[PDB]
Amino acid sequence: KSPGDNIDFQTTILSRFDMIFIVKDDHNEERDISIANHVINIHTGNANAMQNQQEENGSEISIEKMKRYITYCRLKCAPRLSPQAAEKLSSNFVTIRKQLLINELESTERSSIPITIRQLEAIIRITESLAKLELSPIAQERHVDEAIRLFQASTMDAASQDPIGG
Amino acid sequence: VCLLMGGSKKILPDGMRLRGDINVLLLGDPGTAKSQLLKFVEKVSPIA
Amino acid sequence: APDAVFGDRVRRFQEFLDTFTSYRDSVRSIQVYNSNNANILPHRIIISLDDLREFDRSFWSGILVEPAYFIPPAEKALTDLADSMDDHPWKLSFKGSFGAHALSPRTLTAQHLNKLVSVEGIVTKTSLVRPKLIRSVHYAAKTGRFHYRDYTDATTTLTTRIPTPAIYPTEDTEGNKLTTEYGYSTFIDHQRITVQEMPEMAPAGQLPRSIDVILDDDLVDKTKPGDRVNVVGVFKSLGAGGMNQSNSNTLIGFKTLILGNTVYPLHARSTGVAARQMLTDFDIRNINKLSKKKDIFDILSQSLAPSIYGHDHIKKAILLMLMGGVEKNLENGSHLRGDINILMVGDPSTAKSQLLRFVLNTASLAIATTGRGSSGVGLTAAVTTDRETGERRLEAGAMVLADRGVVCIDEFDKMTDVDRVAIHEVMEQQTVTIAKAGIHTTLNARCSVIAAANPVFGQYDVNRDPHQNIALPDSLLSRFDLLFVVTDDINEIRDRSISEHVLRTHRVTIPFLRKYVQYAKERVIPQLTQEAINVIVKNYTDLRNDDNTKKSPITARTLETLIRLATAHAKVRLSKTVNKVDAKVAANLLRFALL
Ligand SMILES: Nc1ncnc2c1ncn2[C@@H]1O[C@H](COP(=O)(O)OP(=O)(O)O)[C@@H](O)[C@H]1O
Ligand SMILES: Nc1ncnc2c1ncn2[C@@H]1O[C@H](COP(=O)(O)OP(=O)(O)O)[C@@H](O)[C@H]1O
Ligand SMILES: [Mg+2]
Ligand SMILES: [Mg+2]
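Chains as they are written, first to last, in the UniProt record's numbering: chain X, 534 to 699; chain P, 389 to 436; chain H, 16 to 53, 90 to 138, 151 to 570, 651 to 738.
With the rest of the complex left out, here is chain X:
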């Protein structure tokens, strides 16, 4: 069934969000074993010390420090795109909408996960957000690469939709 059918409200509400994450519970022997090992390790008390008390020495942050750092960055920085990022974003958006149009005209039904301008500003906001945490007043195509990868990973799992197939 289409993702629109799976939800219990008007499908236009999905048009408001920037990123969507349909997480499925697939059964797998090795993954089940790994998650079980992780959970019993947490309950026993090793994960309380291991990793958490060793990654705090260089490769992990405290919760209070992270909170303060978020406040700092929010107050201080406000990035802005660069022309290369702008043109790349424009081209990607046009290609995505072209593909969706072709799929829709190939059939008589409309997709349940539409693509609109909101997604354009969503990618814009995502790239600027990635730029901000580095405190860089300017964002280059390296940020747009990651932004598009995140978008494809999250929102463009609308390929599970029926017209989108093709």
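If you are wondering where the hints come from, they were derived from the structure by calculation, not from laboratory data.
For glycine and all other residues, C-beta sits at the position ideal for the given N, C-alpha and C.
One or more of the hints may lead you astray.
[To be verified] Here are some, though not all, of the chain P residues that point toward chain H, as calculated from beta-carbon distances under 8 Å:
1) 402
2) 403
3) 404
[Unchecked claim] Here are the simulated EDC-like cross-link-like pairs (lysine to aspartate or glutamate), alpha carbons at most 20 Å apart as the crow flies:
4) 499/H - 482/H
5) 631/X - 40/H
6) 431/P - 541/X
7) 158/H - 40/H
8) 422/P - 558/X
9) 600/X - 667/X
10) 621/X - 555/H
11) 188/H - 275/H
12) 422/P - 541/X
Guided by the hints, dock chains P and H with the ligands onto chain X, whose structure is given.
Only chains P and H with the ligands this time, still in chain X's reference frame:
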């Protein structure tokens, strides 16, 4: 991470506001740890 | 007896009035007007604290921190000048920068007592305007003479005085009876109001704070409940906080309030106070110049919300609604509408709410509502309250407040029948009728409407008729003057172009538009011309007798819509009559919206 950081807002000469916050939705089956993520975000954000 | 400090301060303020010549000619102009036109203007002028600051810092600080010692001298000096220059005593008002003395009811504390302050907030409740007896006059029948007496109280002077509680005289000094002469006595108006902290500034979840303000004479009815107001006055205390006599109780303190002297209404979004700007000769010249260009309509249309791509016809319609037509009142007592209404049905990412919020931000008087946000008594003012004097009264609603303005409704299709029947009368008769227990009245609700709606199936469908896509009563659609349908069809070139536009944004100004609209609405009232009569008649006949399937029905409301649109376009043109071009433009817009 991108959500907590947030985008950049723009105020235009005509009065229109281009928002800079990010919205995210989580579809999934039961028992995928998508409520603990919300709880952690609540505990780690300055205002939540 | 005379005081030397008082006289020195009077002399210094007279020097101040001498160095600056604007207030002098202001007083002269008020006196000239009152002499020539006899309406009577009140004897008052406004002073700038900034100029006082450059002139004499000591006197500035004295007025700011010790008004009770420095202001009466200034009023006496002003009165002396006024009495000397002409062929009631005068009062003063203060403007400029108050520095640290600009506060709100929450941040007004006991350390500001006896000093001049300026507070901001929302008016919550006023009082009945009452007369106060100042001088009585009497008559003795046995002797044929007239007498009088004067009365005073603690709030008529800034400095403390020894009380003199005079009694009301019924007899003469020789025992004879007296008769009251109500026509020869003197009464002064009086009111009391309450000011609270603004809803858009007070902390959330916390109970608010408020302060009382006392007004007298010529500042008695300058605001109504719900307004945003700025009041400048003296924060003062009165009486004895239980000190006199034993008065074992210690919980109460000293009564405090503000003896106001300046009241300024402030305009905000979604409020009942309308915005007005002062028009200078430079502005008038520029407006009257731009009136003579041929693409003036195009420029004014493209100026609206330049951040949105396209929707040119909706921009034109919004401009036409902003300008408006003319309403007619026949001697018989009939009324003919003159407002314009707009509706928008479109796809769920077509920037409907952006244009709606633009209209909210730009109109001089607008109120924003949403589908289920306000209902029942919240729209027609159908709620009843009562005074502590006993009487029951009404308080205005969304559309009652927005009389002579515009109302923005979002999620229009989410309403119900109970309020749609209510809004029928507003949209056609432009009146609100209430009949409850102890009330029978009729309120004026002359307002225009702009709304946005969603299609039934989430997205507009071209394989079905419009009736299956809009799903709204026909009688309701007949009351909307224009209905627009907007759809987003994927197109490589259009998507590209809108992409570069949205990227440009992310990396004529409004004030001149507001001035233009205000001048045009206030000054111009065109008349109908035979040419436009023929054009509109032909167009109405053709539309009524055509086989095309429309987005809305055709009635006499369409003919009246044609007249209204033509008159509004002529109003844009600053012309005193309607020509053929305005009628043709109205017909073209109506045909485009319909087809
Ligand atoms: N992938 C996972 N890794 C570690 N723990 C998990 C995982 N998935 C579920 N859990 C466990 O399940 C609990 C969270 O369940 P819950 O928040 O109810 O999920 P949901 O909100 O999706 O129903 C946690 O206490 C956690 O220990
Ligand atoms: N024609 C357009 N021009 C510019 N921006 C647009 C246009 N259409 C949509 N958008 C963008 O998409 C968003 C749509 O938001 P909204 O006004 O709520 O649309 P709707 O009310 O139709 O859902 C806006 O933030 C706006 O920036
Ligand atoms: Mg859960
Ligand atoms: Mg909207």
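Outcome of the hint check:
no. : hint          : in the structure
1   : 402           : 6 Å, holds
2   : 403           : 4 Å, holds
3   : 404           : 5 Å, holds
4   : 499/H - 482/H : 17 Å, holds
5   : 631/X - 40/H  : 71 Å, violated
6   : 431/P - 541/X : 29 Å, violated
7   : 158/H - 40/H  : 18 Å, holds
8   : 422/P - 558/X : 12 Å, holds
9   : 600/X - 667/X : 16 Å, holds
10  : 621/X - 555/H : 15 Å, holds
11  : 188/H - 275/H : 10 Å, holds
12  : 422/P - 541/X : 18 Å, holds
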